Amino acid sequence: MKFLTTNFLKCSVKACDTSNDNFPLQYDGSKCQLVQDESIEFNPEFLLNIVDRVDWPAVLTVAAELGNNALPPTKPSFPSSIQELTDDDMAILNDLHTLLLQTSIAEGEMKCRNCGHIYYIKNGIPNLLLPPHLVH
């Protein structure tokens, strides 16, 4: 499951819905095996839409769990059109593409910070229901 998905997965126990600790889940980085899918094509327009949607604090938390400590504490901001993007903006976009879309968890384990429920990812598939669309 793509790194991006960790930004939209909360504990499936209904009693946890009211907790501030139901999301994000706590990924066990000692157990999560990561794989790169480089066949996913870079699309800046699509990526800009994605970056706008993510909860940045949860990106930072999960990334650190999975061994990435090179992200800025504030979500990168970008101009309103592709034409206005700098080379530096594009380099950031490329890095975000690699992180959010090309990086997948093939196998792993993650838990609810509120209730301690342990979930699993097997052959890239979590045993918690995936949402049909990604929104906060």
Second form
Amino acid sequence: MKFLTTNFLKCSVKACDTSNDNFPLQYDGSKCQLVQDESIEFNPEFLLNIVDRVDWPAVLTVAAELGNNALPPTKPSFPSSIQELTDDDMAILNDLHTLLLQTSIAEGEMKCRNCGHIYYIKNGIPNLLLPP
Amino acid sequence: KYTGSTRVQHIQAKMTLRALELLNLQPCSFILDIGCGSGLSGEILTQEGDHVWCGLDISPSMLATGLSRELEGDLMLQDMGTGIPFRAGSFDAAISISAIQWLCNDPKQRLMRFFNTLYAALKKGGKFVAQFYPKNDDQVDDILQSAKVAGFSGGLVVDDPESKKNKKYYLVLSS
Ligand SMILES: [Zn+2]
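To complete the pair, please output the form deposited with its partner chain bound; the form deposited without its partner chain was given just before.
Below is the entire complex, every chain and molecule, led by the chain shown above.
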């Protein structure tokens, strides 16, 4: 499960729908084994398309839980078009690519901060099925 | 009884491409693939549109097969009838091939849970196209009615409707 996915996945429990604490999930730093996948090519158009939607505070929270606190406190902003990118823009977009797309949790677990339900990730795949 | 896996693959590829034509998306969008099975549709999302996607399926065996395909999207074990577990406005669009009729297997409650939470998970104006195999007209109307109550607009496309073999139904909706 890619780091990007952590920025959109919320608790599946219905009672949590309107809870501010249903997102982001709380990832266990002692259980989550990370993988870097260099096979997914740099896609700067996708990143420009997604950035406005990205919840930066949630990025910071999950990344810190996973042992990365070397992130800027403010969400990176960009021009509105590929051609307007600077080398500095490009480098940050590249860092975003690595962070969001190329970094994944292969095995681990995470819980809802509202209801405490714990979700498990195995072979990169989160189990989002809800028990009786 | 059964269909050759290559034949199922060819048909699903064609329906996925048709769904994408109906969706008419900008390249490099963020897409939810609902009932993704073994990820064949996700492969096409990646290749055709350079899209980034998350795939949901109830079946461990399908997802395990998905793992063997070197997919670029994220697979998730989940049940579409329980709702779409993503925050508001996450996706540009959603696509579903050969899966939603499962919602009809309480069905009316699961159908509404599906459409309400999908409406929420799409960006404003986000689109959803689903190919599905209805058992009868009432099933079609029930699904369409549920989408309507949830706030979706749009309607239905039926390709090759004169053909009992080749007829296909596509729900084409906008939030
Ligand atoms: Zn919860």
